Structures are given as C-alpha cells and as structure tokens.
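Colleague: So you can see what is in the structure, the chains are spelled out below.
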Amino acid sequence: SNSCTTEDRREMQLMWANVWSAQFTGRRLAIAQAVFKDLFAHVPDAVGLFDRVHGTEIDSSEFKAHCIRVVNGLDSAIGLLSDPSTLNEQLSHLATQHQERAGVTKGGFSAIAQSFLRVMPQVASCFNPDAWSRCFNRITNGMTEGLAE
Amino acid sequence: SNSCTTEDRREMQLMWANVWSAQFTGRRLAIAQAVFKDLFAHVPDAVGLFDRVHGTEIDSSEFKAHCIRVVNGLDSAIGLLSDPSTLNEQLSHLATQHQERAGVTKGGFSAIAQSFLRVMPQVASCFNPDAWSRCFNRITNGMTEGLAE
Amino acid sequence: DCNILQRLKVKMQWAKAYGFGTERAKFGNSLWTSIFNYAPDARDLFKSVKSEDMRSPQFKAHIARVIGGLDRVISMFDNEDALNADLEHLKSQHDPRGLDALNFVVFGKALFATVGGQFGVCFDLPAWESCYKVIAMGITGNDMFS
Amino acid sequence: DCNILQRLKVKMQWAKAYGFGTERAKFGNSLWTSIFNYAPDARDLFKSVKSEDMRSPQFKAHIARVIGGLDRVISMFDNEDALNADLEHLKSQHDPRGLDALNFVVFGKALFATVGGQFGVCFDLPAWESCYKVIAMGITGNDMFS
Amino acid sequence: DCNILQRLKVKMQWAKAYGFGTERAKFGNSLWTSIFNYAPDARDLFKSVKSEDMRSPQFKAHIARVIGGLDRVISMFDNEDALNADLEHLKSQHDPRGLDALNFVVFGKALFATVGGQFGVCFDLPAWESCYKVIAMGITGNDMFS
Amino acid sequence: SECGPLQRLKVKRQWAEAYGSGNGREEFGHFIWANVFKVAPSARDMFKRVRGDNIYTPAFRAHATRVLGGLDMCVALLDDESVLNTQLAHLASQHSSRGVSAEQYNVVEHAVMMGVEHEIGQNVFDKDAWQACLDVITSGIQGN
Amino acid sequence: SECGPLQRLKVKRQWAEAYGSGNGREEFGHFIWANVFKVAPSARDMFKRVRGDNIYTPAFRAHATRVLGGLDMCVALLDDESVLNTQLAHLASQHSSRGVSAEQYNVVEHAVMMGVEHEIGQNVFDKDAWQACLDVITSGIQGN
Amino acid sequence: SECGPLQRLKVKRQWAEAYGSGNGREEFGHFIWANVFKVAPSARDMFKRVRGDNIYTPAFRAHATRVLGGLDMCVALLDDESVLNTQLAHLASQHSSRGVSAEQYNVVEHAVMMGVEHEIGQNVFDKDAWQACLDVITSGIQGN
Amino acid sequence: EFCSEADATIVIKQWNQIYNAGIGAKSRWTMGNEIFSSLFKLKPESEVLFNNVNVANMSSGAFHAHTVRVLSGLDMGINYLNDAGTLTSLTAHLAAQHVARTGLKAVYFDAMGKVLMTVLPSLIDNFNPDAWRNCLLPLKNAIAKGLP
Amino acid sequence: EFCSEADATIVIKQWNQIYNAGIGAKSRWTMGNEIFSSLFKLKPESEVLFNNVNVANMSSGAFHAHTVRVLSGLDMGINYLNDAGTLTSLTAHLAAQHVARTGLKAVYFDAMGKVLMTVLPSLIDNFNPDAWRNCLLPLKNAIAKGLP
Ligand code: HEM
Ligand code: HEM
Ligand code: HEM
Ligand code: HEM
Ligand code: HEM
Ligand code: HEM
Ligand code: HEM
Ligand code: HEM
Ligand code: HEM
Ligand code: HEM
Ligand SMILES: *[C@@H]1O[C@H](CO[C@@H]2O[C@@H](C)[C@@H](O)[C@@H](O)[C@@H]2O)[C@@H](O)[C@H](O)[C@H]1NC(C)=O
Ligand SMILES: *[C@@H]1O[C@H](CO[C@@H]2O[C@@H](C)[C@@H](O)[C@@H](O)[C@@H]2O)[C@@H](O)[C@H](O)[C@H]1NC(C)=O
Ligand SMILES: [Ca+2]
Ligand SMILES: [Ca+2]
Ligand SMILES: [Ca+2]
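Residue numbers (the deposited numbering), protein chains in the order written: chain C, 2 to 150; chain C', 2 to 150; chain A, 1 to 146; chain E, 1 to 146; chain A', 1 to 146; chain B, 1 to 144; chain B', 1 to 144; chain B'', 1 to 144; chain D, 2 to 149; chain D', 2 to 149. A prime marks a further copy of an entry chain.
Keep in mind the hints are simulated off the structure, nothing from the lab. The reader is advised that the hints may include incorrect statements.
What the hints assert, rightly or not - Derived pair list, reagent style SDA-like, types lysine to any residue, alpha-carbon separation capped at 25 Å:
1. A:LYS16 <-> C':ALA112
2. A:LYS47 <-> D:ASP84
3. A:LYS47 <-> A:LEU102
As the list claims (entries may be wrong) - Derived, one-sided and incomplete: chain D residues facing chain B with beta-carbon distance under 8 Å:
4. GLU2
5. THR31
6. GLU35
7. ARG70
8. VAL120
9. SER123
10. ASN127
Note that the Cβ used here is the ideal one computed from N, Cα and C, for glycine as well.
Using the sequences and the accompanying hints, generate a full structural model.
Modeller: The following block contains the structure:
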C-alpha cells in the first residue's frame, strides 16, 4: 500500500532530524534554497508565483525568510505526523494559505515533491525515498485539498 | 488474634477491587441489593428502618440510590484502611449518620455482616472470609461506637 | 439457576480468561482442540469451515466467530431482552444444521476446562455450569439444559 | 464410566497439579477455600477440626489428611482390589457422621476447579467427572454417583 | 579522658555499628559470643538467664537488656547529671552480684572488637577505650577503670 | 457543549482513571481542595466543622473523601438519568442549609477539572466533556 | 541587559533544548498557553477562530504549533540581523489587524520564559539573556 | 496552635529532611523565593543589592543561601530557648534598618511552608506545627 | 494486505479502551445506538434495511442485540488486523452476509466509515485518525466487496 | 502472639523516626517528660510511685535517667516484635519489675497507652493508630500481666 504508516512516520522524522539544524538557519536555508532552485529549473513559470518574496533572487533577504517559513512549515507537519488530529488542523491552515493563489496547483506540489527527492539524498544520511514520499504525499494531500490540479 | 492486620487490609482491598466497577453502577447495585435482600429476609423488621428510601421496593429509584450510597461508604472505608487516621474520622461521620435512628443497633450490623459473608463469595473470586470479616468488623466497630446493642 | 450474582461472576472470569489481541485466538484454539479431543466425531461437522486443518484461515475465522458469540452473549447476561433476542438469533442459525444437543454438553465442558485452566483455581465451576445452561438452552431449546 | 485410560489420565493430571512440598498444602487450602465458598453451610460440619480458623493447625491437619486420602485413592485407581478396600475403609469413617451426599457433589466441583486451575487448559473435565464419581460412590454408597 | 569530642565520636560510631531492627540482635550475639570466647569462665555467671543456650529466649532477652543499657548510657554521654544517675542505678543492680571487675575489662575488649569489626577501619579505639572506662567506673567503682 | 451519551462514557472512563482504586485518592483530593481554597479563600469558613483551615488534618481529608465519593456516585450514574437525579437531590439536601453560591460550584468544578487533568495528563483530558457533564451534576445539586 | 552575540548563542542552545525535535512540543506549547490565559484571561477572545476557549482541542494545538514555529524561526535567525528583521516584519503583518497590546506581548514573553525554564530547569535558565532577546523579537513584531 | 516541645521536634526532623545536606538546597531556595516574589512582587525592591530582579543569578542564590542558613540556625535552636532568643535578636538587628512589614514576614512564612511541603510531601507535612513555630521565629525577628 | 503492524497496534489498543469483554452491554448498545442514529441521518433510506430487528424501536431487545452483534463483528475484525489470512476469511464471510441482503449499497459503508471517524474520537483518548484510516478502510472495502 | 509481621514493620519504622541510637538524650527525655506529664494529668495518684527517682523535679538527672530507662525498654520491646519468643521473656521480666512495686494498678498502663496514642502522632509522620494498636496493646497487657 501507499499509506504513510506509523513505521514510515518514524523513518521520515529520523531522516529529517538527522538533517535539521535546531539552532542555526545554515542547514535549513541550504536545503530550502536547493529545493526551490530545483523546482524553478524544472518549472520555470513557478518563479512568478514568488514575486512578493523575490523568487528571482534566491539569495535575497526576502526569499531567505520565505525559505525558512516553508521549512518551518514542513518541520511542523513532519513532527505532527505523531499527532494526526492536530496535523489535520495544521494542514488545513496551510491549505488556505496556499488557496486560490492563481498558479498554485496540485501540479506544483507534485513538482516540489520530486525536488525534495533529488535534494534530500545529497544532504541526508540513510535516506529512504520510499518512506519519505509516502508521508510527504500524505502531508501535501492535506495541503492541496481545495486546489486545482 | 482477631485484629484487622495490614495483611488482612491488603486482602480485603483485593477482594473488593476484583468486584468493584469503577465506571458503572451495575455491579455495585447488584452487590448492594443482594445484601439488603439477605438482610431483610433474615431480619424482617429491618425493612421498616428504610421507609424513607423505599426499603419495601428494592428496585425503586430511591432504594437504588441508597444502595449506591451504602456501597460508596463501604468503598471509602475499605480504601481508608490504608490510612487509619483519616479512617477514624470517616467512621465517626458514618456513626453519627446512623446514630439514634431508633432501630439501628449493633445487632443490625452483625446481621448485615453475615449478609456480606453470603453475598461476597457468589460475586468475588478468591474470597477470603476470614480476612474479610476481621476488617469488616474493624469498620463496623467504628460505625457503631455510640449505638445500642 | 444462574442468578444475577453468578452472571456477574461469570462475566468477570470470562473477561480475564478471554484477554485481548492474539491471546484471544490462543484461547479459541484451546477451546476447539478440547472439543475435538473430548469428541473426535464432532470434527466432521465442521468441514464447511475446513476443520480438517485447524490453523487454516477458514477454521480460525470460525473460531473467532464462535468465541465472539460467547463474548457478546456473556456481555448481555444483565439484559434479558437483548440476551434472549440474540439467543433466538443463534437458535435460528443452528436449527437448520440438525445438531445433536449432546455436543453442546461437550462444548460446555471444553469451555469450563479452558476458562478454568486460564483463570486459575478461583474458577467458579458451579456458576459456569449454571449460566452455560442458560446459553445452550437458548440456542438449542433442548430440555437437557434445564 | 471411568475406564482404564481415563484413570491413567486422572493420575497424570493429579500428580502435576498436586506437586511437591508446600505446593501440596497450598493446593489443599485452595480446595477447601472453594468448598466453603461453594457451600458456606458445609463449614459447620467441620467444627471437630476447627474450621472456624482455616489457618489453625487442627484444620491444616485435616486438609493434609483429605488430600492424602485423595492422593492414595487416585494412586490405587489401577488396582480394583486395593482401591475398593480403601473406599470401604473411607466409607466406614464417614457413614457414622450422617453426611448429606450432596456435599460430595460440591466437593467434586471444588476438586475440578482446583486441579484444573493448577494443571491448565488441557485438564480433562469429562475424565475427572467420571472418575470422581467412582470415588464418591465408594465413600457414600449413594446411587447419585452411579 | 573521654572528652566531649570523644563522647560525640563514640556516639556516632555506636549508632552506625548498632543499627536497627534485627541487626541489633545480631550485634548483641557477636558481643556475647566474644565475651564467652575471651573468657569461657564468665559464661557460668549467667545461668540465671540461661547462658547455657545463647539462642534461648531467656539469654536473648538478657542480651537485649545489656545492649539497650549501653545504648541509653552512650546516648546520655552529653549530660553528666543523667549519665551519672543511670550509672549509679546500674551499679546498685550489679553490686549485689559480687562480680569480678576483671570481667568488665573483658566486656570492653569484646565491645571494641564488635563495634570496630562492624564499623570498619575508621573505628576510633583510643576514644572507645577512654569512654568505656567512664562507663565501667560508674557501674563498678573499681580503681582499675581510672 | 452538551453532556451527551458519548461524553458521559468518556467522563466515566477518565474519572475511573483519575479517581483510581484508593492509593492515589488522598493526593487527588488534596490537589483539588488546595486549588479551591487558593482561588476562593473566603470559602474556608463554610468548612469550620471539618477543619477547612488545615486541609492536611485527618478531619478535612475525610471530608475530601466524602466529596470525591459523592462525585464518584454521580459519575457512575451519568448513564442512569432516573437514579442520577435522585442522588443529585440527596446532595442538594446535604447542601441546602449552607448557602453555596453558583460561583462557588464553578470554583470546585474547575478544581476537579484541574485535578483530573493533573492525574491523567493534558494530552488526553477532554475539557468539553468534563465541563458539560459537571454542569449537569452541579446544576442538579443546586436544585436546578 | 542587552541581547548581544553571546546572549543570542545561549538563547539558541537553550531554546533548541526546550523546543526539542517534536515529541515534547505539545506539552511545551500547552504549558506556555495555560500560563498566558491564566495571567490574562481577557486575551482568549482574540483566539475565537482557533478555539481559545479550549486549548486542549486540535484547533488550538495547531495554533500553538504555529506560534512556537514562529519563535523557532526568530531564535534561529538571532545571529542573522538582516533576515531576522525581515521575518519579524512578516510576523508584524500577521498581527497588524488584531490590536495586540504591548502588555500582552510581555505576558507571552513571561510564559515562554516560564515554559523554557520548566523544560530545561531553573538550574541553567538564563533569565537576563532570554528577557533581552525576547524584547528584541516582540518589539520587532510590534513594528518597532 | 502552639509551638510546644513536640512540635519543635517535628519541625526539626521535617526541616532536616527538606533542607538536606546541600545537594537540593539550590532548588529548595529557588522554589521558596519564586513563591515570595510571585505573591509579593513589591518586595523585590528591598533586594536590589542582591539582584532581587533575577533570582537565577549567583548573587541572589547566595542571599537565598544565607536566608535558609538563618532558618536552619533557628530551627536547630528551637529546643534551646536561651540561645534561640539570642540568635533571633541577631536576625532582628540584621533587618532593623529595612522596614520589613509583618505582612511580608507572613508571605515568607507561607513560602517556606509550601517549600517544605513540596520537598517532603503533602502526605506528611504538619501545617499546624510549622505555622506555630515559624510564628515564634518571625515574631522574634520583629523584635517581639 | 490491510494495514501495518504498528498501525494495527494503535487501532487495537485504542479500540480496547472503549470495547472489551469487561464493558457492560449497556455501554455497547449506547455506542451502537449513537452509530446507527448517525448512519440514518446521513443515509435515511438505509434505516428500512433493519426492519427485521425492530429498528422502529432502537430501545428494544431485538435492535439492542443487533448493534451488539455489529460491534462484536467490528471488534473481531480489529483484533485480527495482524492476521491477514484470517481477517481475509472473516471479511469474506461478513461480505457474503451483506451481499445477500437486497438494498445494501456500497455507499452505505462509506457513510458508516464517516460515522465511525466522527463518533470514535468522542470516546477514545488521543484518537489517531491516520492509523484508524489505514486499518479501517481496507476493512470497510473487504466487507463492502461486491455491493453495488 | 503479639502482632503481625507487616504491622510490626510499620511500628518499628515509625518508632525509629523519632527514637534511635543517633537521637540525643535531650530529645529522649523531652519526649519522656511529655509522656509522664500527660500520665500524671490522667492518673494523678500515680505520680507518687516515682518519688524514688525525684519526680518532684522532672528536670533532675535522676528523673531524666528514669524516662531514658523507660523509653529504652519501650524501644527494646518494639524492636523485638518479630521475635515472639524473646519478646515474651522481655515482657515477663518487665512485668516482674512492675509487679514488685506496691501501688501499681493495671489501669495505670491503660492510661499510659492512651498517652502514647496521643503523643506519638505529634512526633511521627503518618502515624498509623491501627498498626500501633495491634502491636502496643499485647505489649501493654504482657507488661501489665499480674497487676491488680
Ligand atoms: C511541502 C511543501 C510546502 C510547504 C510546507 C509550504 C509552506 C509554506 C509556508 C509556511 C508559507 C508561508 C505562508 C505565510 O507565512 O503566510 C508558504 C507560502 C507560499 N507558498 Fe508554500 N509550501 C509548500 C509548497 C508550495 C508549492 C509547491 C507552491 C507552488 C507551486 C507554493 C506556493 C506558495 C506561495 C505562492 C506562497 C506565498 C509566499 C508569500 O508571498 O509570502 N508552496 N508556503
Ligand atoms: C458496612 C455497613 C454499612 C455502611 C457502609 C452504611 C452506610 C450508609 C450510608 C453511606 C448512608 C447514607 C447516609 C447519608 O447519605 O445521609 C446510610 C444510611 C442509612 N443506614 Fe447504613 N450503612 C451500613 C449498615 C447499616 C445497617 C446494618 C443498618 C441498620 C440495621 C443501617 C441503617 C441505615 C439507615 C436507617 C440509613 C438512613 C437511610 C436514609 O433514610 O437515607 N446501615 N448508611
Ligand atoms: C455457546 C455455544 C455456541 C455458540 C455461541 C456458537 C456460535 C456460533 C456463531 C457465532 C456462528 C457463526 C454464525 C455466522 O456468522 O454465520 C456459528 C456457526 C456454526 N456453529 Fe455454532 N456456536 C456454539 C456451539 C456450537 C456447537 C456445539 C456446534 C456443533 C457441535 C456448532 C455448530 C456450528 C456450525 C456447523 C456452524 C456453521 C459453520 C459454518 O459457517 O460453516 N456450534 N456458531
Ligand atoms: C470426596 C473425597 C473425600 C475424601 C478422600 C475424604 C477423606 C477423609 C479423611 C482421610 C478423613 C480422616 C479420617 C481419619 O483419619 O479419622 C476425613 C474425615 C472427615 N471427612 Fe472426609 N473426605 C472426602 C469428602 C468429604 C466430604 C464431602 C465431607 C463433608 C461435606 C467430609 C466430611 C468429613 C468429616 C466431618 C471428617 C471428620 C474430621 C475429623 O473430625 O477428624 N468428607 N475425610
Ligand atoms: C557496660 C557494661 C554493662 C552494662 C551496660 C550492663 C547492663 C545490664 C542490664 C541493663 C542488666 C539488666 C537489669 C535488669 O533489668 O534487671 C544487667 C544484668 C546483669 N548483668 Fe550487666 N551490664 C554490663 C556488664 C556486665 C558484666 C561484665 C557482667 C559480668 C561479668 C554483668 C553481669 C550481669 C548479670 C549477672 C546480670 C543479671 C542477669 C539476670 O537477670 O539474671 N554485666 N546488666
Ligand atoms: C460540586 C460537587 C460537590 C459534591 C459532589 C459535594 C459533596 C459533598 C458531600 C458528599 C458532603 C457530605 C455531606 C454530609 O455527609 O453531611 C458535602 C458536604 C459539604 N459540602 Fe459539598 N459537594 C459539592 C460542592 C460543594 C461546594 C461547591 C461547596 C462550597 C463552596 C460545598 C460545601 C460543603 C459543605 C460546607 C459541606 C458540609 C461540611 C461539613 O460536614 O461540615 N460543597 N459535600
Ligand atoms: C511573542 C511572540 C509571538 C509569536 C512568535 C507569534 C506568532 C504567531 C503566528 C506564527 C501566528 C500565525 C499567523 C497566521 O498563520 O495567520 C500567530 C497568530 C496569532 N497571534 Fe501571535 N505571536 C506572538 C505574539 C502574540 C501575542 C502576544 C498575541 C496576543 C496576546 C498574539 C495573538 C495572535 C492572534 C490573535 C493570532 C491569530 C489567530 C488566528 O489564526 O485566528 N500573538 N501568531
Ligand atoms: C522569616 C525568616 C527570615 C530569615 C531567617 C531571614 C534571614 C536573613 C539573613 C541571614 C540575612 C543576611 C543578613 C546579612 O548577612 O547582612 C537576611 C537579609 C535580608 N533579608 Fe531576611 N530573613 C527573614 C525574613 C525576611 C523578610 C520577610 C524580608 C522581606 C520581605 C527580608 C528581607 C531581607 C533583606 C532586604 C535583607 C538584606 C539583603 C541584602 O543583603 O541586601 N527578610 N535575611
Ligand atoms: C463496520 C461495519 C459493519 C459491520 C462490522 C457489520 C457486521 C454485521 C454483523 C455481524 C451482522 C449480523 C450477521 C448475523 O449474525 O446474521 C450484520 C447484519 C446486518 N448488517 Fe451489517 N455490518 C456493518 C455495516 C453495515 C452497514 C453500513 C449496513 C447498511 C445498511 C449494514 C446492514 C446490515 C443489515 C441489514 C443486517 C441484517 C439485520 C437483520 O438481522 O435483520 N451493515 N452486520
Ligand atoms: C510502655 C510502658 C512502660 C515501660 C516500657 C516501662 C519500663 C520500665 C523500666 C525499663 C523501668 C526501669 C527498671 C529498672 O531498671 O529498675 C521502669 C521502672 C518503673 N516503672 Fe515502668 N514502664 C512502663 C509503664 C509504667 C507505668 C504506666 C507506670 C505507672 C506507675 C510505671 C511505673 C514504674 C515505676 C514506679 C518504676 C520504678 C521507678 C524507680 O526506679 O523508682 N511504669 N519501667
Ligand atoms: C420501545 O422499547 C422499550 C424497551 O422496552 C423493552 O422492549 C420492548 C420492545 C418490550 O419488549 C418491553 O417489554 C421491553 O422492556 C419500551 O420501554 C418502549 O415503551 C418502546 N417504545 C414504544 C414506542 O413502543
Ligand atoms: C530542678 O533541677 C534542675 C536541674 O538541675 C540539675 O538537677 C538538680 C537536681 C541539681 O542536681 C543541679 O545541680 C543540676 O544542674 C535545676 O536547675 C532546678 O533548679 C531544680 N528545681 C528546683 C525547684 O529545685
Ligand atoms: Ca458550572
Ligand atoms: Ca517585553
Ligand atoms: Ca506569622
């Protein structure tokens, strides 16, 4: 099955904690910037969705702060995999934050899913792409409930 | 000796917890109703002492609530066997509650003691009648301090 | 017999011997191993659930349904209306199978041995004999269980 | 009917449940606790061995005499001549006491709950019921154990 | 000798070697086993407390009284008025028994060996020799304990 | 929120966990009443006969035992409306000559709730179920 | 005291210890917000949309998650003034239409401080470093 | 209640248990003074020289050490009236130029009592013995 | 098939919180009545399928015994989540019992799943909707296998 | 005889809270003076029995040593509760010492028991009046055996 199991949840949190920097943004920023670099290269029209946060300038202070926000959001969801009742509430809040921004669709989330799958093995030790994707998709499924394809 | 020892106290609390229902009155009521049935059969004039709680109608709401009160009182005393200082205070409060209701005597408590000794083995597993009675009498001794024989 | 005190006692001892999880299947296997050891002829009555292999999923499923039936019936010991309705329901299912009521006597003795062996020396055999009669009478209607 | 195979099974399960050393006294205390819990009025029949206090040396001595009687009778299950001689000797000790034979039915059930509770789920209740009848018939002579 | 510092030191080491509960009786048995091993003739002086059997309740009671007497006297080391009053009390009890004061020397050496063996290498033998002299002088009045 | 059938079942199980069999009942009752008199120190005067000045005494600990026993009977009767209302009327008569305010019943409500949560954990405490069902209990003790 | 470079390093390490990886974050956030609404019960009305009436609900627990995540981003950025001020401006806009008083920011400050100390121990809690650096954070959220 | 000979013995043993040998003295003193300044925040100004603003500092922790040491000397002297009154007069002169109110001595009394109970347990804490004997101590420090 | 061992362990533990051999039958049918009352509010045309067990009176012994039977079957499936072979045969038997009843649509079981996902958190401490979804959905589909 | 092993363990532990080899003698006679002052208030005619140890001045060394002797005997009996054989001989010795004193009535020991039951909870954490009653009453009767 493709369900994000309890076992898969434990594996994703290990894959994430082994790479998370709890005190400094050096690791978080490098992970996030590399993901959006990958996303923009594969979806060139995705850069326009981030005009308010200087998507064209990945090293700007505005996009660095956006990257930390996205990484903070993913950190919160991965940790809340242990408490899915609260996770469902948090994923709804993230859904509305992405909701009805014209070009923000389910296709963009499938693209960034492949972005993480290419970035994570370069930074994470013992990366399990199967278990990561089953729970990453579980998270993005809640984030894109009311989005177009 | 006939003293309710620490060992006897542990045995009575096991005999009681094995039969106590912590969430529903189904067990408590059946135990209590069976005891007063036994008491009334053996002491027919004891039914008149419970006119205010519908002693003649053991299935009435008034007597069901009385049975739960008595069982609650016995539960409190059995648990307070572990702290006899507080037990002495609680048994005094129970004594005054039974005090100088004309027909409430030490003989009625000896009768209900035999009622429990016949009811408990039918509902309790591993019932120890020796240890039960030594601590049941310890409890009733405090309840009947200022009562007539 | 089987008064309200015996019904509560049987309810407590059953819950202890029955357990949770996989111990439930182990209890059920011991019950049916004893039934087929007490009366090996009864095994041929359960070819429809593949009793020729007692670890097959088909017979394990039958075991689960039967002990699940005991659990729900015992749980309704305190409500006559629901108990008798379910016992009538079990009777309508067993009647077309033309079962010799003597095997319900075998069932009870295998149940007593299994519950008592799991629960320990404080097993109340007279209470279990009395209250099992109520169950077998409801399912079979045979005067052997009065 | 208590055939020779049932007699062998009962001897086997008795030896395991009875045990060695202080396990025998513990087994005996459980048996008589169950007897007096199954029939509280039977306790008054044993004033001569101080049944008021089951921890007294007088009653613990009676417990040891009874289970010693059970042990020796069960061991003689395979020899009709020796077994029936001892059952008649036991009958001569119990007859003058004018005992209600129904208490020997209560005794049997407490024995089953104790041996089965100690031995486990493979306890053979039908074999014990059939072979205890032989013992109760020998001691009481009452045809309710026929 | 036996100044206030030595009295406090003796008080601490005694409390440690003396202990609580049944270790108190074990300490007392070692003390009196050593007394009778150091001077086997002293054993005949305690026939009134059945010293011929040192595990008898009579001699165990004597042991308890003696070490209880040591405990209370040591506890009063810091109060001269109470200490001397109790030592006078012990003297009035021992005087009619016509005891050779040399056995109070034996007692002290058995006490030192028992306390020191229980307390360990930090046992303060000079403090115990000095302060035991105060005790034996109060009980006997003999100039041998000056 | 309402004290429906599902809420009554939940409050029953959580109460049984917090109330326990007897070992932790002393600490349970102490935590509750230390909270009551801290929030409402003016309430201690009503408990002169049971040493409300000193909740560490055996006299008050026995009163705390009776209060928690009264709660136990109500919680155990939440699924039996007929007998529950009868027992609530008994508790009503036991408080009728004492002038307990509705504000004071709410203070004990919050203390029992903090006590139950402290015993079973914030992780599982169902505040809505407890508030609604305690409202049913206290409003019945107030003759309402 | 001032939130200098050494204080920022200390607050970072102590926060990482108290905030943790995720297991204790629910209890951490519950302790903080139970303190907030106890000191300032009038503040619950601002949290109607996230069930400020019941901090045990999944709805409020997710809000507590977002607040602690916001603190985590600020603490992690304390050594990066340029990006820190940008993120503080984002938090400022997230609170601009809500009328949060300076007194209320101080109430949450003290609750976060009690929460961190409760998690890592009074033995090591650096009150001066935490007060000075939280002042830097909240004054930036207040558009100051 | 009165601070009689039996109460003095009980307070001595319970204090020795709560005060201990030295390992738990830091936490013991922190619990007490966190309670003092929470109940009476206006009292911190009297402790400017010992950093009453921050009870986590080594400066205040050393003041807490001196206070608990003063309590230890009084408790250890409860069975020696002559020397106790002399030591109480010394503590009196140590507070004479500071204007400590009788209400403030009661606040520290309650904090020491909560601190002792928190250390040894509500199960054994003798409130009557502690209140009566602390009254003897503080009334002597107040020159009474 | 079905769900993982760790997910099943969570479902089994949380289910045994509110249902076991020690729970009184009154609590059983109280839950049973709440579940079926909620089912009839979602799919009102399904209430007629229970006329044979006196659904017209959900306080009758007949309907009480029905919900006890239903929850016992649900309890049986839950406790065999880590025995995929037996659970397959158990759900196949339950499926045949429901297929042979004219009028049962597969969407009635979809509605039953939503009722359970709504009622259970009101009863269970720390209800895990993910572990329950991973285990109950294959359970539901296996029992609803064959219905139109 | 006497009391059970679990009751004796409670009495011994609670007694060692307030009395052991490490307790100073001042604390001993403070307890001793409280006990005998309470005894003389209950039975004032018993105070004369202690003239030989200067009861006229309960601060004297003679009377201080008396109460130390009395509490040591009580400590000795308590610490031998689990040794019924020795405790019997110990109480027989104490009984003979009190029988040979003209004027001692058995009710003076009854009053002493009530004094102990009153004073000890003021000194002991979680005083257990049941365990103490079960152990001290046979102790009292054994020491008072023979008195009129
Ligand atoms: C796991 C994947 C993702 C996570 C955790 C995530 C999380 C976040 C967060 C936390 C914010 C900040 C919202 C706020 O603070 O107001 C945000 C903003 C945003 N996200 Fe995502 N996001 C993800 C994927 C995506 C994808 C794939 C797209 C588009 C294809 C997208 C488009 C946006 C946009 C347009 C914004 C608005 C930025 C702004 O102007 O502030 N996100 N996201
Ligand atoms: C262990 C044995 C017993 C216990 C624990 C017990 C306990 C109680 C309790 C808790 C109450 C409720 C008082 C109140 O809420 O105001 C009560 C009432 C009463 N009890 Fe007992 N009781 C026992 C035995 C007896 C016996 C043997 C008798 C008489 C022979 C008796 C006579 C009464 C009467 C007359 C009432 C008054 C009922 C009413 O009108 O409310 N009790 N008892
Ligand atoms: C208290 C005793 C018993 C109980 C509670 C019980 C209960 C049950 C239950 C729940 C079923 C499954 C009904 C279904 O869902 O289709 C069943 C089926 C059956 N039972 Fe019983 N049973 C008992 C005793 C017996 C005995 C003693 C026999 C025969 C000696 C027997 C023979 C059968 C047979 C042949 C089936 C059908 C198996 C199949 O599905 O092919 N039962 N019983
Ligand atoms: C069923 C198997 C039983 C066995 C093997 C058995 C065995 C014995 C034995 C060996 C003795 C000692 C005889 C002697 O040495 O004087 C004895 C005594 C006695 N038995 Fe049984 N017994 C059984 C059942 C019963 C029952 C069911 C009762 C009554 C309910 C009973 C009543 C007595 C009595 C009253 C005594 C006299 C005890 C005395 O005063 O010494 N027996 N039994
Ligand atoms: C520091 C050393 C000693 C102490 C504290 C001590 C204390 C005691 C005590 C408390 C008693 C019991 C008094 C009573 O209650 O009747 C006693 C009795 C006695 N003591 Fe000592 N003793 C000591 C050394 C000795 C020695 C060295 C001897 C002889 C070599 C001795 C010979 C006796 C005898 C014969 C009795 C009487 C035993 C009886 O009751 O028949 N004691 N002593
Ligand atoms: C909220 C649930 C409450 C329950 C279950 C409860 C239960 C009880 C019970 C069982 C008693 C014993 C009555 C007797 O034996 O005579 C009692 C006594 C009492 N209760 Fe309550 N009570 C509650 C609320 C309150 C509140 C809120 C107050 C005051 C703020 C209060 C004040 C008292 C007083 C003054 C007594 C008499 C104490 C005495 O015996 O002197 N009760 N309560
Ligand atoms: C002191 C540091 C604080 C931080 C790090 C913080 C962080 C946050 C964050 C990240 C959000 C989510 C915004 C969104 O997703 O739309 C939020 C929402 C909110 N915060 Fe704060 N906050 C702080 C202080 C406060 C204070 C002191 C108050 C009021 C006393 C407050 C009241 C609110 C309210 C009312 C919301 C909106 C809740 C809703 O979604 O309905 N915040 N905060
Ligand atoms: C109740 C028992 C108290 C004890 C045992 C106690 C003990 C002490 C001791 C030993 C010192 C050190 C004095 C020195 O070395 O100069 C001290 C200082 C002080 N105490 Fe207390 N005290 C008590 C109550 C209080 C209270 C209630 C207050 C105020 C609310 C207070 C305020 C102060 C102040 C202001 C100082 C001077 C701090 C400094 O050195 O700047 N004391 N106390
Ligand atoms: C997890 C969900 C369900 C489980 C575990 C379950 C299980 C059961 C069981 C064990 C029986 C009794 C079979 C027998 O002994 O004869 C039954 C009967 C029945 N079920 Fe289900 N069922 C579920 C859902 C549903 C749903 C959603 C419907 C919708 C209509 C439904 C309709 C029926 C009907 C009509 C009966 C027969 C009633 C009668 O006896 O007259 N079931 N079910
Ligand atoms: C638990 C209670 C008691 C204990 C353990 C106890 C024990 C003792 C002991 C050890 C002695 C010293 C014997 C010796 O060394 O010569 C003594 C003396 C004495 N006792 Fe007791 N006793 C108790 C109660 C009483 C009571 C209630 C009285 C009431 C009058 C009493 C009257 C006396 C007297 C008059 C003396 C002799 C005083 C003297 O030396 O002049 N005792 N007792
Ligand atoms: C519905 O059923 C309620 C339950 O009573 C029990 O079941 C009924 C069917 C009868 O068998 C009755 O003897 C049982 O005690 C009834 O109390 C209720 O009156 C019924 N409601 C209606 C409208 O008939
Ligand atoms: C009572 O005794 C008090 C204690 O003093 C000590 O004992 C007395 C008997 C003398 O031996 C003395 O030397 C000891 O220091 C005395 O302080 C007190 O004055 C005495 N009271 C009366 C009224 O005489
Ligand atoms: Ca309310
Ligand atoms: Ca601030
Ligand atoms: Ca004061």
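Colleague: Taking the hints in turn, state whether each one holds.
Modeller: These are the hints, each one checked on the structure:
Pair hint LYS16 of chain A plus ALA112 of chain C' does not hold up; C-alpha atoms about 33 Å apart against a cutoff of 25 Å. Annotation: proposed proximity of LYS47 of chain A to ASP84 of chain D holds, straight-line Cα distance about 22 Å (limit 25 Å). Of the supplied pair hints, the one linking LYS47 of chain A and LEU102 of chain A holds, its CA atoms being roughly 19 Å apart against a limit of 25 Å. Checking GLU2 of chain D against chain B: minimum C-beta separation of about 32 Å lies over 8 Å; hint violated.
With a cut of 8 Å, the hint placing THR31 of chain D at the interface with chain B holds, because the nearest CB-to-CB distance is about 5 Å. About 6 Å separates the beta-carbon of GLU35 of chain D from the nearest beta-carbon of chain B, less than 8 Å, and the hint is met. Given the 8 Å rule on beta carbons, the hint for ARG70 of chain D is violated: about 20 Å separates it from the nearest Cβ of chain B. A least Cβ separation of about 7 Å between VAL120 of chain D and chain B falls short of the 8 Å threshold, and the interface hint therefore holds.
Satisfaction of the interface hint for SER123 of chain D is found here, the shortest Cβ-Cβ separation to chain B being roughly 4 Å, below the 8 Å cut-off. Because the smallest distance between the Cβ of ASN127 of chain D and any Cβ of chain B comes to about 6 Å, under 8 Å, the interface hint for this residue holds.
The structure does not agree with the numbered hints 1, 4 and 7 stated previously, though it agrees with the rest.
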